[PDB]
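*Asks:* Okay, here's what each chain looks like letter by letter:
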Amino acid sequence: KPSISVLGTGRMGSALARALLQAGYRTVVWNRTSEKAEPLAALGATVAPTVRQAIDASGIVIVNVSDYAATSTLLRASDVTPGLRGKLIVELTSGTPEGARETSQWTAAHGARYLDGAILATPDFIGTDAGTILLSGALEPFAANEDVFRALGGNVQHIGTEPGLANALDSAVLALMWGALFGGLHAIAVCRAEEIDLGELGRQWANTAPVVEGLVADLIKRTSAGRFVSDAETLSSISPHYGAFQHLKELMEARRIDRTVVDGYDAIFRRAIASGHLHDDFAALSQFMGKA
Amino acid sequence: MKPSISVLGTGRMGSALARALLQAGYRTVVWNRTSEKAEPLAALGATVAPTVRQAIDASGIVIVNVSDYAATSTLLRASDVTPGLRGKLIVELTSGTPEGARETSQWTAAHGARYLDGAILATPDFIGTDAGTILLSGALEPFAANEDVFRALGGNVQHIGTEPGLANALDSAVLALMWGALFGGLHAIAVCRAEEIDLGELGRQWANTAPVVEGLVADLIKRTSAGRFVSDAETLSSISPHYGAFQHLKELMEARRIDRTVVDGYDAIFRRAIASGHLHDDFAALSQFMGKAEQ
Ligand SMILES: NC(=O)c1ccc[n+]([C@@H]2O[C@H](COP(=O)([O-])OP(=O)(O)OC[C@H]3O[C@@H](n4cnc5c(N)ncnc54)[C@H](OP(=O)(O)O)[C@@H]3O)[C@@H](O)[C@H]2O)c1
Ligand SMILES: NC(=O)c1ccc[n+]([C@@H]2O[C@H](COP(=O)([O-])OP(=O)(O)OC[C@H]3O[C@@H](n4cnc5c(N)ncnc54)[C@H](OP(=O)(O)O)[C@@H]3O)[C@@H](O)[C@H]2O)c1
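Sequences listed follow chains L and Y, in order. Throughout the first sequence, residue numbering follows the UniProt record's numbering, covering 2 to 293 in sequence. Throughout the second sequence, residue numbering follows the UniProt record's numbering, covering 1 to 295 in sequence.
FYI, nobody ran anything at the bench for these hints, they're computed from the structure. Each residue gets a CB set at the ideal place from its N, CA and C atoms; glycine is no exception. Any given hint could turn out to be false.
[What the hints assert, rightly or not] Label-pair restraints from in silico Cβ distances:
1) L:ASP232 with Y:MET1: 37 to 43 angstroms
2) L:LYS222 with Y:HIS111: 47 to 53 angstroms
3) Y:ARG272 with L:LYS222: 36 to 42 angstroms
4) L:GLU254 with Y:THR74: 44 to 50 angstroms
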């Protein structure tokens with residue numbers, strides 16, 4: 002089994018390193034702040050002191066830093082670049098499809114194979130069967146080294162050959178996540194302003210989460226089939242949503258909780274109603290997301 | 001199956017409550033502004049009152065389930081009804097605001113009635129099932145004295161405190177979580193359409209990652225309850241990498257002419273947290289910046 006290098010030992014870079022070690026890979030790590038990489042030494046990692054050293058130790062280089070601008074400062078420096086020849090670079094950093102494409106062109110021009118990924122996981126999911134990572138780029142590199150990706154999670158998937166696909170789907174899945182989390186921020190604010198124990202909110206969310214998961218799956222299934230008009234299988238219709246949402250708005254007004262996000266919800270509800278969708282399926286709101 | 005229960009409102013949800021009281025063997029008295037809508041409950045064993053005042057006089061417990069609190073007011077504050085509320089337990093299960101709950105608590109007490117305010121977190125189908133969820137707030141004694149009645153409405157009926165507005169507030173909060181996930185869905189769909197991604201693919205990715213999102217939300221609630229805004233060893237994610245990736249979604253929505261009213265809201269909260277030193281704190285730190293930037 003070949004040696005794997007990991008550039009970045011933040012929360013997520015460390016989790017990747019831990020999973021490689023658990024699977025019995027010689028794992029070489031590097032981090033701008035060397036102090037943060039020590040605990041992986043304790044676990045069996047070799048700590049490289051320099052990028053160039055980490056790149057020379059291994060045939061596969063998994064990058065997990067803040068952004069592609071950072072990855073550039075690391076890999077595009079004169080004293081690293083010549084070391085990339087013959088290597089597989091796996092950019093698991095978050096980015097834009099353009100960034101994936103720009104990095105694909107550049108890595109190829111300097112003699113290295115490339116995969117661009119997006120980790121659809123928190124660190125606790127890495128190295129578990131449920132662990133999801135999306136990979137895009139040439140198929141051969143993923144097929145030749147499949148056991149390495151299998152170490153990272155049971156649901157690491159090659160989803161296409163155009164490098165930017167992982168980053169594109171990622172932005173969509175992150176939009177879902179941000180939606181749920183800022184709804185959390187709204188709920189937490191409402192409970193704090195109304196003197197509601199947040200441990201109670203946490204019990205209420207554990208009870209309703211599975212229903213809300215179904216409401217979101219149904220919204221996607223219906224939008225894919227154009228089924229915007231309410232029917233017998235409708236779970237969620239615009240009228241009752243819009244009606245109850247008035248109560249949340251009134252509460253947030255009274256407690257001076259910021260309404261910029263909910264006023265956003267309200268503008269989408271109102272465009273759909275102004276177009277006769279008041280008793281249509283929630284999925285009809287998918288027609289009213291555009292700028293103008 | 002001992003005391004008599006009246007239900008005002010036989011709409012979709014009012015009916016389900018009445019059906020569940022009958023299933024449990026309660027003498028059930030119903031009334032509806034549209035008489036015709038209450039007939040099917042007669043066939044099931046309900047006595048149909050012709051007037052509100054008659055429905056209120058028949059029973060010691062009055063469950064109200066109408067459209068809005070303005071409606072409840074019309075019904076209960078009428079000269080011919082009000083004096084009949086003396087010694088009654090009124091259980092307002094209509095959806096409303098915490099202020100509405102509070103205004104009704106004050107008023108009901110002034111006219112000599114005990115009060116509970118509720119919010120139903122269930123569709124009519126799940127009323128009278130073990131899963132059936134209803135939140136109640138107000139004085140505890142009335143709930144504890146009549147607990148078998150609430151058990152009839154569902155297995156997961158809960159008294160959550162003494163301040164009457166808690167039920168309506170917790171309801172709005174649970175729905176804010178739901179709306180957050182759904183409008184996130186609307187955003188994700190829109191991004192897929194603009195990038196020519198099969199929505200069947202988004203649907204498979206959601207089945208794969210829903211638990212990751214569910215854990216992020218649970219963790220955000222647990223940490224906010226303990227004030228843990230500083231990033232630590234147990235942190236799942238922190239503000240800097242969130243704000244970094246969120247830049248890519250903003251740029252994409254600009255380029256594909258997707259409406260940004262909602263994400264610009266996210267962006268203002270990210271900015272206030274960073275301006276106050278939380279760039280590398282836990283996501284939970286954003287919870288400190290949900291207040292109106294005003295005054
Ligand atoms: N955490 C999650 O749940 C999650 C989910 C999926 C994807 N991701 C993505 O994975 C990446 C890592 O996130 P994380 O949670 O691990 O964040 P983090 O804990 O803040 O880790 C940041 C990492 O980037 C490095 N870095 C920052 N600026 C750099 C620069 N100019 N040059 C070199 N290295 C630099 C840090 O080095 P120092 O330690 O030297 O500062 C560290 O290795 C991000 O793109 C994130 O969006 C995160
Ligand atoms: N359906 C659900 O799944 C669900 C779930 C949770 C919460 N809820 C809440 O339950 C409550 C009842 O809604 P629903 O689903 O039963 O709605 P619905 O089917 O529209 O029933 C509306 C009811 O309100 C009555 N009403 C409205 N205005 C009135 C007035 N001014 N005077 C007298 N009666 C009046 C109606 O009388 P008419 O029959 O004469 O119009 C009818 O009984 C709402 O607050 C709703 O938010 C419903």
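*Asks:* Regarding Y:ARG272 and L:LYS222, is the given constraint of 36 to 42 angstroms on their beta-carbon distance met?
*Replies:* 37 angstroms, holds
*Asks:* Taking the CB of L:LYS222 and the CB of Y:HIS111, does the distance hold inside 47 to 53 angstroms?
*Replies:* Holds, at about 50 angstroms.
*Asks:* Does the beta carbon distance between L:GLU254 and Y:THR74 stay inside 44 to 50 angstroms, or does it fall outside?
*Replies:* Distance hint for L:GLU254, Y:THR74 is violated at roughly 24 angstroms.
*Asks:* Quick one: are L:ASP232 and Y:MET1 within 37 to 43 angstroms, going by C-beta?
*Replies:* 39 angstroms, holds
When the structure is compared with the earlier hints, a violation turns up for hint 4 alone.
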